[PDB]
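Now for the letters of each chain:
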Amino acid sequence: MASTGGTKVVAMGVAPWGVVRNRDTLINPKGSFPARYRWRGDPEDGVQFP
Amino acid sequence: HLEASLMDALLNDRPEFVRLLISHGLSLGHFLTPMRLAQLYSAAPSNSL
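Taken in order, these protein sequences are the chains called C and A. The entry's author numbering applies: residue 175 is where the first sequence begins, and numbers increase by one. The entry's author numbering applies: residue 424 is where the second sequence begins, and numbers increase by one.
Each hint should be verified, as a subset may be incorrect.
[Said to hold, decoys possible] A few chain A residues facing chain C, derived, Cβ under 8 Å:
#1 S446
#2 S450
#3 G452
#4 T456
[Said to hold, decoys possible] Calculated from the model, a selection of chain C residues having no Cβ within reach of chain A, i.e. all distances over 10 Å:
#5 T181
#6 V184
#7 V194
#8 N196
#9 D198
#10 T199
#11 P203
#12 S206
#13 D219
[To be verified] Sample of chain A residues with no beta-carbon within 10 Å of chain C, all distances over it, derived:
#14 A427
#15 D436
#16 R437
#17 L443
#18 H453
#19 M458
#20 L460
#21 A461
#22 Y464
#23 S465
#24 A466
#25 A467
#26 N470
#27 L472
The hints are simulated quantities; they were obtained by calculation from the structure and are not laboratory data. Ideal Cβ positions, reconstructed from N, Cα and C, are used throughout, including at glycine.
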């Protein structure tokens, strides 16, 4: 948003599976979903990071 | 904090504020609840077509 031209920098966030708390369990057939994550819906902030 | 900020960015015309908020990202699936769309159409000018 600083440079409005940009090149849309790429960044791989290698995380562990057992920490993401709002896992929608993406589609078990073949994993092709565009499925959206639920972002702010959490009263917890413990060991359950999004 | 961002939700009602984009309302006044839309109700008052102000499109350059709209691009800023979407650049910092909104929901748009929790933002486009149909009350707010009816709210958006309610701010149409009275003597319009």
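Return the numbers of the hints above that this structure violates; sort them in rising order. Hint check: 4, 17, 18 fail, others pass.
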